[PDB]
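Starting from the known structure of chain A, fit chain B onto it as the hints suggest.
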Amino acid sequence: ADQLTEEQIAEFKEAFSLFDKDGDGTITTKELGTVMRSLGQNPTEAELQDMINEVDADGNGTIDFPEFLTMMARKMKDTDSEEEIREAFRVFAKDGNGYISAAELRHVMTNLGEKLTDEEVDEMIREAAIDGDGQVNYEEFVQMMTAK
Amino acid sequence: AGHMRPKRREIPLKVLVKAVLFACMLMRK
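So the sequence lines, in the order shown, correspond to chains A and B.
My numbering applies: residue 136 is where the first sequence begins, and numbers increase by one.
My numbering applies: residue -15 is where the second sequence begins, and numbers increase by one.
Pulled out of the complex, with its shape left as it was, chain A reads as follows:
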């Protein structure tokens, strides 16, 4: 009802606090704009009040948890899942290439400027330890998206 299986809720849960500064249990525009900007879009002031307008949950410039994703959930309905995953990589990959690093986890959140500790990431870093090196390119980055 509120919390599902770890990886099932893993995205919208964590992406629940992404926007929610106030968190009346909804998502506001001032948040949705602070979000988008980190993906490489035109930083507009109305973009957030506009983005919640068409995907209006409450229409007071607030979007709920089942609506914000309705577009990625749409990619679940539509078979456009093949051409998006490579551009969805570009989201973080501003280098147009992408290299193997488990440290990437810390660059995505700091791309927004999130604050984490050395031990927080020592676990989030070890939560991705591969072969014994600890780096991960587009292989695990896309698989992160392709896997449910």
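Misleading hints may appear alongside valid ones.
Derived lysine-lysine pairs resembling DSS-like cross-links, with alpha carbons at most 30 Å apart [to be verified]:
1. B:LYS13 with A:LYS212
2. A:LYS148 with A:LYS165
3. A:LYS250 with A:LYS212
4. A:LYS250 with A:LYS156
5. A:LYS165 with A:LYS250
6. A:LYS283 with A:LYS156
7. A:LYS229 with A:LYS148
8. A:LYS283 with A:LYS250
9. A:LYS165 with A:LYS229
10. A:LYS283 with B:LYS(-9)
11. A:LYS283 with A:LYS212
12. A:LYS156 with A:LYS229
13. B:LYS(-9) with A:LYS165
14. A:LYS283 with A:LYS229
15. B:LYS13 with A:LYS229
16. B:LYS(-9) with A:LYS148
17. A:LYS156 with B:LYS13
18. A:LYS212 with A:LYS229
19. A:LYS283 with B:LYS13
20. B:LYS13 with A:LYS148
Rather than coming from a laboratory, the hints here were simulated on the basis of the structure.
Frame of chain A, contents of chain B only:
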């Protein structure tokens, strides 16, 4: 052919990027 069999000990992230592959659909041109 070659078996490896993965093991489960720690939980995955699937958000610190998924919450970025999710918003990459709002205005994908």
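Checked hints:
1. B:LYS13 with A:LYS212: Between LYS13 of chain B and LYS212 of chain A the Cα gap is close to 19 Å, so the pair holds against 30 Å.
2. A:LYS148 with A:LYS165: holds, 19 Å
3. A:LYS250 with A:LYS212: Violated: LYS250 of chain A and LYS212 of chain A sit about 35 Å apart, past 30 Å.
4. A:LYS250 with A:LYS156: Judged against 30 Å, a Cα distance of about 15 Å means the pair holds.
5. A:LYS165 with A:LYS250: Between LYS165 of chain A and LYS250 of chain A the Cα gap is close to 20 Å, so the pair holds against 30 Å.
6. A:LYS283 with A:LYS156: holds, 27 Å
7. A:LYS229 with A:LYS148: Between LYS229 of chain A and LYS148 of chain A the Cα gap is close to 26 Å, so the pair holds against 30 Å.
8. A:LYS283 with A:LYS250: holds, 27 Å
9. A:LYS165 with A:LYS229: It holds: about 25 Å lies between the C-alpha atoms, which stays within 30 Å.
10. A:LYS283 with B:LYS(-9): This hinted pair holds, its Cα atoms lying about 18 Å apart.
11. A:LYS283 with A:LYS212: holds, 14 Å
12. A:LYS156 with A:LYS229: Holds. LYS156 of chain A to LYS229 of chain A sits at ~27 Å (cutoff 30 Å).
13. B:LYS(-9) with A:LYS165: At roughly 42 Å apart (the allowed maximum being 30 Å), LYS165 of chain A and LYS(-9) of chain B break the hint.
14. A:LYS283 with A:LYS229: holds, 25 Å
15. B:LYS13 with A:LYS229: holds, 17 Å
16. B:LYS(-9) with A:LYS148: This hinted pair holds, its Cα atoms lying about 25 Å apart.
17. A:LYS156 with B:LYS13: The hint holds at about 29 Å.
18. A:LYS212 with A:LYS229: holds, 28 Å
19. A:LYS283 with B:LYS13: holds, 25 Å
20. B:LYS13 with A:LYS148: holds, 27 Å
Going down the numbered hints, you'll see the structure goes against 3 and 13, while the others check out.
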